[PDB]
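Engineer: Okay, here's what each chain looks like letter by letter:
Protein chains: 6
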Amino acid sequence: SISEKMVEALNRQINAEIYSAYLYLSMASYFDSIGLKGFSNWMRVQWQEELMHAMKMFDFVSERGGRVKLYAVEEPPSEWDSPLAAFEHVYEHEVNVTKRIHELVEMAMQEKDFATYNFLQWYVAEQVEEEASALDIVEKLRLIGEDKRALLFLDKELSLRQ
Amino acid sequence: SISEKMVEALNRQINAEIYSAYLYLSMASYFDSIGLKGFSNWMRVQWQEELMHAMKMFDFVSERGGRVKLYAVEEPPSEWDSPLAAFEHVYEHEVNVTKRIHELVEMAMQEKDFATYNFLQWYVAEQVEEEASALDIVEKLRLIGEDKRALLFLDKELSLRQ
Amino acid sequence: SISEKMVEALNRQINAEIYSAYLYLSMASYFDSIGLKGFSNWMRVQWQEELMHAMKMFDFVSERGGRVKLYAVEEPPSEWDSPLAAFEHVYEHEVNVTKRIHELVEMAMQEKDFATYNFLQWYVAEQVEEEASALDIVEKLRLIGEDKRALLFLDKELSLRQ
Amino acid sequence: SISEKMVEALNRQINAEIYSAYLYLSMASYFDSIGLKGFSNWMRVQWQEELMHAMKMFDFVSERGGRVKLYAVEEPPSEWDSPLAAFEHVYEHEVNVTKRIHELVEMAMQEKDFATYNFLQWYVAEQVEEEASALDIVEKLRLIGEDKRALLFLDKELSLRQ
Amino acid sequence: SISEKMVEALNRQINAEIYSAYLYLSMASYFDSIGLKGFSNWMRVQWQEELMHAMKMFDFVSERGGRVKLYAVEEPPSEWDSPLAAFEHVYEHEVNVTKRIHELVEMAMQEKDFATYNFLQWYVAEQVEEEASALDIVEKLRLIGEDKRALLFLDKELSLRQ
Amino acid sequence: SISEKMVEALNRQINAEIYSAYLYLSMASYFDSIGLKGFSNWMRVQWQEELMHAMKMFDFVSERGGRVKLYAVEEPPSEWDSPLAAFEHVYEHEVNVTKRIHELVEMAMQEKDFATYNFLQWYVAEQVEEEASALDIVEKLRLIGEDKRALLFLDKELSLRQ
Ligand SMILES: [Zn+2]
Ligand SMILES: [Zn+2]
Ligand SMILES: [Zn+2]
Ligand SMILES: [Zn+2]
Ligand SMILES: [Zn+2]
Ligand SMILES: [Zn+2]
Ligand SMILES: [Zn+2]
Ligand SMILES: [Zn+2]
Ligand SMILES: [Zn+2]
Ligand SMILES: [Zn+2]
Ligand SMILES: [Zn+2]
Ligand SMILES: [Zn+2]
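Chains as they are written, first to last, in my numbering: chain A, 290 to 451; chain B, 290 to 451; chain C, 290 to 451; chain D, 290 to 451; chain E, 290 to 451; chain F, 290 to 451.
Please note that the accuracy of each hint is not assured.
For chains that are exact copies, the list does not tell them apart, and a pair is met inside one copy or across any two.
Each computed DSBU-like pair below joins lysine-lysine, with the alpha-carbon atoms no more than 30 Å apart [as the list claims (entries may be wrong)]:
| # | residue 1 | residue 2 |
| --- | --- | --- |
| 1 | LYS358 | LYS345 |
| 2 | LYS401 | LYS345 |
| 3 | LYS294 | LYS429 |
| 4 | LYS445 | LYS326 |
| 5 | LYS294 | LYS445 |
| 6 | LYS358 | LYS401 |
| 7 | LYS437 | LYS358 |
| 8 | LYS445 | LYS429 |
| 9 | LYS429 | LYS401 |
Quick caveat, the hints were computed from the structure, so don't treat them as lab data.
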């Protein structure tokens with residue numbers, strides 16, 4: 290029954306989801322600059338999805354009678370060494386988001402805030418996919434190496450994402 | 290071929306459109322906090338629309354051969370004295386966005402960047418609608434004054450925005 | 290931001306577009322009077338179209354924050370020497386309408402009223418069609434000459450205008 | 290009111306568009322000859338597109354009251370050293386096309402020929418896509434280098450163009 | 290199989306078909322200059338068709354393993370004394386075309402190039418229609434003489450061609 | 290512009306595909322002799338399919354303007370120690386065919402004969418299925434050993450092939 294500490298922690302996480310969106314938008318611009326439009330498209334859809342994660346939590350906080358406060362969204366990095374390094378960064382970033390969602394879950398249960406626990410279980414399950422989807426692309430890119438035809442094949446797969 | 294100056298200016302405007310979106314999202318939280326879900330709905334539509342403004346320019350910059358650089362999105366104000374004050378802030382903000390667009394249009398003309406000039410005409414037209422829509426709500430709020438039943442009539446009208 | 294000078298000029302042009310309509314309605318009566326019901330139809334369609342030209346500008350003036358003032362609509366002439374003379378007048382009239390639109394365009398450019406400038410571009414494009422459509426009929430009526438059978442063929446063709 | 294000079298210049302551009310088509314049709318022959326049917330298909334589409342560009346300006350010139358004069362279409366080159374070299378020539382050719390459309394735009398601004406100026410804005414925008422589309426393929430071929438499997442992957446992509 | 294002799298002769302016929310197209314494009318501008326939009330429609334459809342006759346041969350040469358070489362397209366005549374004179378010129382040009390097609394047929398057969406012989410039969414049959422359609426309109430214009438309504442009736446009939 | 294060398298290598302592979310068919314027909318007669326009419330059926334289906342492989346390549350060489358030259362089809366072996374040994378011969382024969390296909394593919398790429406490369410990709414993918422199908426059956430026959438009912442069960446399953 291929503292505490293100030295919970296609302297603050299969720300507002301910080303709204304900020305981290307928007308930051309996640311903006312990181313991937315910056316990667317969209319990186320992949321565009323190196324001609325990989327399929328990879329770009331993947332990042333743009335991820336930036337759309339992260340903003341939906343944020344908005345789902347924005348509505349939740351407000352539905353619970355809490356007040357959403359918005360914080361600065363930081364300037365994201367703009368360059369990566371390669372496609373592999375970008376997706377390794379996606380994976381480590383998402384692993385980190387996972388850690389934060391788990392601390393939120395533990396904070397909810399500590400306060401016996403069952404509505405927040407139940408609402409967060411959606412993110413727990415979405416984090417499982419985020420990490421697996423990023424990891425699978427890291428592994429493909431590791432196999433691919435410098436094979437250009439394979440890089441383009443993957444770029445076409447990623448094109449299809451909606 | 291687009292100049293570095295013109296790319297930097299569009300990049301700063303992409304940032305101003307994202308901040309616009311973010312201002313409106315902050316307003317949405319303010320309207321929720323005062324029990325005006327219709328006004329809040331209107332702001333949430335406007336936040337999606339400003340992000341569309343931003344992405345149209347984001348795609349144009351790279352289509353032109355330029356590189357988008359993303360900057361920090363500043364923490365927006367979070368309180369307004371009244372619905373009327375919020376919408377006066379919307380109107381003044383949009384008038385100043387128009388000033389920024391027109392300065393872009395001038396800088397394109399000065400550089401004979403016909404491509405950018407042409408592209409920006411969409412924003413010139415769009416700001417006419419932005420300023421009018423805001424101003425119409427300011428004028429209704431002035432006509433309404435402190436009549437709260439008429440405020441809630443407007444609130445219902447705005448909840449219909451899609 | 291839209292100047293009083295630009296408003297007044299748009300208001301005079303609205304008057305000119307309604308007078309155009311009224312001039313074509315008068316020609317319609319003239320063509321009925323000499324048994325050319327197709328020519329009459331063409332003028333009735335043109336009267337409806339000029340009114341649409343006027344209303345589009347009517348809506349723009351308030352959208353920009355100005356106020357439309359409506360002025361008297363002048364009594365139009367009512368006889369022409371021939372179908373050709375009537376259509377040469379149509380063509381010259383439209384040529385003069387174009388000159389007036391291009392003058393608004395210049396006044397908007399001089400004021401850096403980009404909004405109004407962009408809006409006027411539709412009228413720019415539309416006068417191209419207006420001049421050519423009239424001129425095509427003028428040219429046919431010159432080719433036709435005094436051949437009344439050919440005149441009536443043209444009358445039946447114009448009766449098809451929707 | 291459309292000037293002789295502006296007519297000529299537009300007639301010469303109609304020629305340049307037809308030659309563009311023809312050059313692309315030559316490149317389609319070349320691509321067929323080295324067994325790249327997708328690249329050939331892309332060039333056939335582009336030949337049809339350039340003729341549409343030409344026919345748009347052909348129609349405008351007579352709609353403005355001018356007279357199209359048709360000039361000889363020059364023999365295009367028939368061979369390139371590589372697919373990459375053909376597409377570098379596409380990009381350069383389109384950048385040079387853009388320069389001529391922009392000169393047309395200034396000649397229109399200079400003569401206060403707003404009607405032509407406005408009609409040319411379509412070609413301004415279309416040259417943005419024409420340059421980007423060609424540069425994207427140039428950059429792809431530079432990434433592909435000598436990898437013939439990757440080249441054939443790009444050849445299949447380009448088959449899809451309609 | 291296909292000989293260099295046969296390819297050269299087909300490449301020159303591809304040129305002649307394109308020149309046919311371009312000739313008919315020139316006549317389109319002529320008819321447009323004298324206000325006959327139906328006639329001009331007919332000439333634009335013919336230009337499209339002649340280009341299709343050309344592309345059909347272009348694709349055949351290439352399918353047979355031959356190489357299409359494109360040559361310059363010569364500046365067509367731009368003026369005729371009358372509609373009748375323009376259609377007599379159509380009729381005579383197509384008569385000459387039919388003679389060259391019959392010559393190609395004979396060359397194929399002398400060479401025992403049975404694939405080319407069979408392919409050109411399409412053109413044999415098509416030249417039958419081309420000549421007859423042109424001659425039908427020549428005879429119609431001959432009857433019409435100076436009758437203005439009859440000229441305008443035929444013009445409308447020709448406006449229906451697609 | 291398919292080379293003489295490529296044509297000869299393809300003719301040799303037509304001969305190899307016909308011999309493949311003939312080998313399998315001989316294995317049909319063998320399986321017939323030891324009473325396994327499902328195994329026989331599988332071999333007759335394979336004989337028919339290898340003949341289709343051959344005829345697809347016969348048609349390709351001819352469609353490219355090349356000339357198919359047919360060579361002697363050698364006498365195949367007529368006896369095998371057991372069903373297991375027949376299917377191991379099948380397996381190793383197909384692995385040998387795969388190796389010949391990969392050499393044709395590399396010749397094609399060496400010559401930049403992309404139409405032959407692309408055609409050959411059908412055989413590359415078919416050879417994957419051929420090896421897998423034969424190996425699956427080898428593996429089942431090793432598990433089977435001398436178990437009479439398991440052999441009969443596998444025989445009935447091979448009966449069903451069409
Ligand atoms: Zn997220
Ligand atoms: Zn995520
Ligand atoms: Zn905006
Ligand atoms: Zn806005
Ligand atoms: Zn009008
Ligand atoms: Zn008008
Ligand atoms: Zn073009
Ligand atoms: Zn182009
Ligand atoms: Zn023809
Ligand atoms: Zn013909
Ligand atoms: Zn086979
Ligand atoms: Zn096989």
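Engineer: For each hint, tell me whether it holds in the structure or not.
Structural biologist: Status of each hint after checking the structure:
With identical chains, the CA atoms of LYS358 and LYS345 are at most 30 Å apart both within one copy (15 Å) and between copies (28 Å). Proximity of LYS401 and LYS345 under a CA criterion of 30 Å is satisfied in both settings, with 21 Å inside one chain copy and 24 Å between copies. For the homomeric pair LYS294 and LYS429, the shortest alpha-carbon distance between copies (27 Å) is at most 30 Å, but the shortest distance inside one copy (41 Å) is not. In this assembly of identical chains, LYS445 and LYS326 lie within 30 Å of each other by CA distance both inside one copy and across copies; the values are 8 Å within and 16 Å between.
Proximity of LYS294 to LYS445 under the C-alpha cut-off of 30 Å is restricted to the inter-copy arrangement: shortest distance 26 Å between copies versus 45 Å within a copy. In this homomeric assembly, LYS358 and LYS401 come within 30 Å of each other (Cα to Cα) both inside a single copy, at 23 Å, and across copies, at 21 Å. In this assembly of identical chains, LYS437 and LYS358 lie within 30 Å of each other by CA distance solely across copies; the values are 26 Å between and 45 Å within a copy. Taking the shortest Cα distances, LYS445 and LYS429 sit within 30 Å of each other both inside one copy (13 Å) and across copies (13 Å).
For the homomeric pair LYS429 and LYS401, the shortest alpha-carbon distance between copies (20 Å) is at most 30 Å, but the shortest distance inside one copy (42 Å) is not.
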